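What follows is the residue order along each chain.
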Amino acid sequence: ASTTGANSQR
Amino acid sequence: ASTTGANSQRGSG
Amino acid sequence: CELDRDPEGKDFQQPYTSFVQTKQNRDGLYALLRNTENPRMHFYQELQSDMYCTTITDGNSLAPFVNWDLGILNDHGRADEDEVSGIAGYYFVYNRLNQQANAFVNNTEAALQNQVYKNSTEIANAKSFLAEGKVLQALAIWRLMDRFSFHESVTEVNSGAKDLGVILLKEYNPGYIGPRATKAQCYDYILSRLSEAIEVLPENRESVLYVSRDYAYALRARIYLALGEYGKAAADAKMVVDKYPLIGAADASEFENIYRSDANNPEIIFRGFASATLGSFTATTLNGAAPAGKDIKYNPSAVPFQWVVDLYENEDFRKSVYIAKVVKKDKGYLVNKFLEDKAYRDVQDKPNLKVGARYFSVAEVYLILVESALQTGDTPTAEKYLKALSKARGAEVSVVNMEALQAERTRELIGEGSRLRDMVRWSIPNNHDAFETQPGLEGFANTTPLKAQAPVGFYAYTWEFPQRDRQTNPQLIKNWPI
Amino acid sequence: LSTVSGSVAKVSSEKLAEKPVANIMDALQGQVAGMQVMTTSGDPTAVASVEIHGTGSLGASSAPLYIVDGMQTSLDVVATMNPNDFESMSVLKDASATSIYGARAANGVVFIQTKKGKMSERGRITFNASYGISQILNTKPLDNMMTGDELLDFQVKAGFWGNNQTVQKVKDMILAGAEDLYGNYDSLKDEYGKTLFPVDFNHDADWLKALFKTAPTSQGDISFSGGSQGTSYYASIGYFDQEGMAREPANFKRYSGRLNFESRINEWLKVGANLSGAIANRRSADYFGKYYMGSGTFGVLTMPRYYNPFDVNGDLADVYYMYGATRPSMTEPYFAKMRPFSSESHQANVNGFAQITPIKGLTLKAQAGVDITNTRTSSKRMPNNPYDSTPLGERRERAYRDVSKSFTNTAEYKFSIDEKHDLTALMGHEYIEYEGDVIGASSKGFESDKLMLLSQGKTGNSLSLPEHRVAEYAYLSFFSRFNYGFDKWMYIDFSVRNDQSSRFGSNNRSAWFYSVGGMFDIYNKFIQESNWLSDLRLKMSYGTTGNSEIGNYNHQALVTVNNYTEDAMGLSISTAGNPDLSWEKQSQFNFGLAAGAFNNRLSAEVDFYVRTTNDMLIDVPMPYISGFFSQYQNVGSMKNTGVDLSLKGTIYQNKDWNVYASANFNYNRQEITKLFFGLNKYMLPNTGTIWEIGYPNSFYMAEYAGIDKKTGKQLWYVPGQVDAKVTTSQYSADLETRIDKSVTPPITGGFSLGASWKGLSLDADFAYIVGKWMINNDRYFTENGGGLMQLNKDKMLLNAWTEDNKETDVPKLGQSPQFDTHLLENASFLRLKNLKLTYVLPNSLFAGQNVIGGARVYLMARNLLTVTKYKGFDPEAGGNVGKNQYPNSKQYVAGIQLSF
Amino acid sequence: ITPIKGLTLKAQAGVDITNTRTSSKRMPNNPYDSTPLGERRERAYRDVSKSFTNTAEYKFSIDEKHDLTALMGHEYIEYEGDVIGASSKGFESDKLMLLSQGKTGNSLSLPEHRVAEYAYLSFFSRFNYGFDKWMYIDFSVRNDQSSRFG
Amino acid sequence: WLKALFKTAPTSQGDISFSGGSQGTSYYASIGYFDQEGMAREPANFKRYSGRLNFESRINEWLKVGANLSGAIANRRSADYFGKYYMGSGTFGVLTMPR
Amino acid sequence: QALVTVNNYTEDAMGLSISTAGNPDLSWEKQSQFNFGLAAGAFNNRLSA
Ligand SMILES: CCCCCCCCOCCOCCOCCOCCO
Ligand SMILES: CCCCCCCCOCCOCCOCCOCCO
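Chains as they are written, first to last, in the entry's author numbering: chain E, 1 to 10; chain H, 1 to 13; chain Z, 20 to 501; chain A, 115 to 838, 842 to 1017; chain G, 470 to 619; chain P, 321 to 419; chain R, 670 to 718.
Bound conformation, chain E alone:
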């Protein structure tokens, strides 16, 4: 169960 919402990636 992951919350992608927003993954500004590194």
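Hints were generated in silico from the structure; no laboratory data involved.
For each residue, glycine too, the CB sits at the ideal point set by N, CA and C.
The list that follows gives simulated cross-link-like pairs (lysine to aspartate or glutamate, EDC-like), each with its CA atoms no further than 16 Å apart:
1. Z:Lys42 <-> A:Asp681
2. A:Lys558 <-> R:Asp681
3. G:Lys564 <-> Z:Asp30
4. A:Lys285 <-> Z:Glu461
5. A:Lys558 <-> R:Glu680
6. Z:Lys369 <-> A:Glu561
7. G:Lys519 <-> G:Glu544
8. Z:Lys181 <-> Z:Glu171
9. G:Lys564 <-> Z:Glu27
10. A:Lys602 <-> A:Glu533
11. P:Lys384 <-> A:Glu235
12. G:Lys564 <-> Z:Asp25
13. Z:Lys369 <-> A:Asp502
14. A:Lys229 <-> A:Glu376
15. G:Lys558 <-> A:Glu581
16. A:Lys842 <-> A:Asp822
17. Z:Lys29 <-> A:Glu586
18. A:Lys795 <-> A:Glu785
19. G:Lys534 <-> G:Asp601
20. Z:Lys202 <-> Z:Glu171
21. Z:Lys347 <-> A:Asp294
22. A:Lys404 <-> Z:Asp101
23. Z:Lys42 <-> A:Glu680
24. Z:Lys29 <-> G:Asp563
25. G:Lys558 <-> A:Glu680
26. G:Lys494 <-> Z:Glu27
27. Z:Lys313 <-> A:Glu561
28. G:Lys479 <-> P:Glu381
29. Z:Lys406 <-> Z:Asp261
30. A:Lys285 <-> A:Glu264
31. Z:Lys313 <-> R:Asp681
32. A:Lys753 <-> A:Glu806
If the Cβ cut is set under 8 Å, some of the chain G residues that face chain R in the computed set are:
33. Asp613
34. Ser615
35. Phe618
36. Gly619
Got chain E sorted already, so can you dock chains H, Z, A, G, P and R with the ligands onto it with the hints?
Below, chains H, Z, A, G, P and R with the ligands without anything else, positioned relative to chain E:
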């Protein structure tokens, strides 16, 4: 192929 | 400092606490069976019948049985942890099956009697796994008797052995080392194990991958037949013979696709589970086959005498599947029954010649009913089932008269270890020195004479006990004379 | 390490150095009295079977404990070490000398001491390098095998190809079949007749050359040893590569380093390490000792000479043909590149020690070490190969892990209680742990040499179950040993110990062992001075020892998985079980006498001994009714009575011209005492040997009595029947009998000669093993006229009894041979283990340049001379039977040494 | 090695081996999982990186005020890496979890396999000029060659 | 939820090392231990068992040889869910889980 | 390299897809450094910069 004519098995290994 | 070390992938033996532990032990039981009631194990006694000559390719592997090299057949085989083959092997795997079915039967009786099952349906199924294990013990002991006790017809024997069966052990006991049960001891254990199971097992088969009532009725009819009890064999036959229908084939291609399919042959009553990745083995002794790309080439070590090839009508669907004119190129026939199931090929395109372990097909049940009905003067039902079996194979028989039964059986059962027993019971001696070899193979399949003659009542139609079992057990009476 | 009461032999550096095989125990064959070493395979990769003072047991190993700088190491790990770093090997062969070792000190202990540094002013650097070639050491087996058309006739006249056939009909047919078979392969279809002649009845194909080659061996090393105040260093790197003389590929190459370091840190501490490792690649010919059509030394005897594995340039083809074949049959070199194999072992061995000396007399020593071996091995089945079953290829990657810990720390208090009583007391603790592990993965379906990652396989009916095997054991031990010395003449040694092994259940893994021993200096008490006797000492010892060398998990009553379908797992009974299984308990009495004559320039030591094995670990065979194969039990007993003596002296020391010889002999009678279940004998099936109480492990057969000159039939002696001896043509198993020939040869010995003519020197080392017997399984084929008529046979079958040819001793054609005395061959042998001519450069050639100080050059041969009556390739290459042997090699080597 | 006054030949070599062995399970019969069937994944890793790097260095002086130092050298760097891994599933017992004991059919997997190697060849030089112990100059030229380029 | 996913964890290390030598030869040897457990309750650790031996020796006015030898048995494990957003893990978990 | 890897579509035949784009001219990165430094010691080498 292989020829099992007869192997006396190596009963002293 | 705990110096306990225990092995990975092993667990300690215990009594059955759960139903899931019991079901798992029953599966391990059927796993063994699949590598035991295995065609690879019955090829030796198939090759000892009157049907085969060795080719120039053999490397003294099939020669001992075909040419009756008694000096080699005496202590023939292996059953150590590198190889399990031959007479020694045949004997060893069945005793393990008998030993290991003993520990399954006893530990299920134990669990039932301590009410470790948690409801009536767990209880009811273990009473049924129990009957299956009873059939397995019956099979294990009878297969051991099939080769290691004498038929009544044998003449000169070691003194004492004419009436002896095999060492009967009804309990899981690794340390047991006793003497041979008598013939009637062994056979009463066999039939009662089976009878007690037909009582518990349901009328209609539940899985072709497990023992069923249909199976035990069939196996008992087989066992009755080799005991000469023709009336009793025919009674167990009729109870199964109509529950499995024959292959509906128009040509030999329609025949071969169905017959060679473990999955679609409607005649298979009981087989062991096999996949391409588990439970499938290659059985390329009879045919000498090997893959070549998309093709299969054959270099047999043994091939039938002409009289076997001449047994088959030319339109017999079997004459291109059970035997197949694929020696040299198109020059002679080899026994090809165990050729392949395509479903087990690693790659659709490329054959690997893998098969599964089959345990009973209704064809034999037709032949058990036909021979016995002829013996009991029941001509109508002997003629009904023989015309049926042969017509479905594309070569229906003109007359029904035992002579025809002997032929038809011999054709239908080729490769399955059946001819050697049949020649003992039909009182045919081994005429190998006098049979014509197949002409097409001149220079490849030549005549080789017997190293010892095999007339009616010769003792070596029955095997000697493995030399292990003799040397460690002074209480064993051997079969062969001095 | 060893004691004054024990039977102890010490072998020097020179017996160990620069030997063209990685099997260093071979270098001791015939050097130690009572130690019987024997290598049964010329495969570079094989390791010898040493047995000190007989076979110790009928089910446990008889392998000595091998020890390097204090800790148990396997022969396999010893092989990865550079033996030019060994200063000495010491064989401890009785209860008193093996008293502080465990596991299996019942078999003797072999202690290897690596060099520690010599504390010189400048250090000694030293460089060794040698090149040489291995060969086969006996060719005689093929002196008398039929030639090509010699066997063609034999076959045809025997009816093998048809009833009504002429030789040429057959000759036409075989090469007919070779052209049509070759004519289906693009790569052959028009090379047959041009560059390929697979069948040729006008030339005999050299099948020896087909399957065996000359192969090379290469060695080098640098070694810096030096020193100073309290510290001693010995460092070395080196390289070894011995290629396999069988053309079936096998090799052992190692790249090695070692650092031994020892330092007095202060008057209270001495610390030290000896560190070693190697990158090692070994490979083995896995078909030898089995019978596969045209492979091994069986192949070189059995392939009909009308079959040519060569092309037109005399080089080895990719393939040969055999009549009937479905497929052309790959030759050995083309098989190898089609079935590749590599394996790298990284071997690490770390070893430290500490020596606190807190008060006068007391020595606390803690020593510990690891023995890490990670091995990673690859296997391929090259795809698109036109002589393979499919074009699809496979790959198998395995990785191996062995980690061996050992701690062994001691307290040693030696003092003196008045002027005539010296006591030395010592006890210790020792824990040995071993944890091993093997992983293997495999895929198939590849259709490109360049696309063969395991992750690129076909997925479906093509998938494989992985390979996975684990193994661990452990040993806990408390031991003690005391040394009492009265005057400077009488010595008593006492020892008691307790050993505990993971290999037995909790209630049965402990066992106590003791030993007493005495040495008495008869010279220095009763002969103050003698004008001819220099040394006379009497040794004597009794003691008990354990043997636990069995198989980790042989007591539990175990279940394993045996799945019947794919949706639920299944369980089968796996092992029988022996809840009581425990240590084997051996006992040895040794009576010794060591004497030195002239000025100890002529010395001897004789020893008499009685080795008794009770509670013997037999893997008792089980009747097949049991559904098992075996089960270990402490059952039965055995005795090994014997003597071993050794002597050495100098024959002509001439100030610049010394001549030196040394010899060693053992005889050992073996007697089984107890078997299992009260049984008096057990013949071991298909081996031709038998265990019978009165006697030793002996052979067991029918006595072959020749042939009936009137019938041509074979006849055997019927045991017990006579006239006023009975023969019969009717063979039966009940015709067999115990034979007064034992399996393990009772006599083991050797001698060695040496002279040095001022710099020029020659040393010869001999070794013999008499009373050895073997069944030549190979002759079962080469000599029979009853079967396997494909195979080449001995030309003696051209003599076969017929109506027209009587007065011959070869039986009629048509009857197969039985395994009787006609195959019991006398494998006794004298062997010349090594000849070394060395010439050390003159001392004054290095008198002007202070860089190099000496040099030596040498020519050398391993295994040139082999006197033996055995009608097979190598008489060593077998125990009770010899099948398809990889004969030990004969080596020629040139070498050079430099010292700076 | 120091053969004559002023020059210093230094030869150096070493390996850097890493064998790593890794184990992972998905324990069977736990009721908070999707299936009661267990899985196990064993991997083995190997990194071996050797490097030789040997030098010859000449220091001399042509006066009391001119110090010269010359040195050039060779270096080969090699790396060979490798990763192997196999996994099974379908286990129904803590005690029966050998990889070789998994279910076989739709439960079988492709192994894991990855290889990687690189290499470096290089020749270098370096000089040192020193005048009157107040002015010091250093010059250097070198050529590097990497397996990572065509 | 902080206590759910993070703990106090230990770090342990020890070491003995024999240094000295005397002449043209020098030795530095050490054995050692290290174990750092990760404070995330998601398991992670780095423990090593260490050894090293350094050695240099003048053999003569022209040659000097030397070695430095080092090795270790090491066990590492890493919290592989960090830096991703998974419902009840990491510092995201400790902030976002409803109390 | 401009490479292919396996990408099997069924279980009876091998399949092949383009794996990497490619740069036959890929080469060393070429870096350059101008460095002007100064070190100073103050008092009685009890103060450095
Ligand atoms: C030119 C000089 C020759 C030096 C060769 C030395 C080769 C040594 O190989 C051993 C490898 O094992 C590495 C493990 O290191 C252990 C260190 O621990 C010791 C501390 O007590
Ligand atoms: C001439 C060079 C030969 C190369 C041999 C190198 C050995 C490589 O082995 C790698 C595996 O061994 C691991 C070493 O373990 C370290 C010891 O741990 C104990 C320290 O406390």
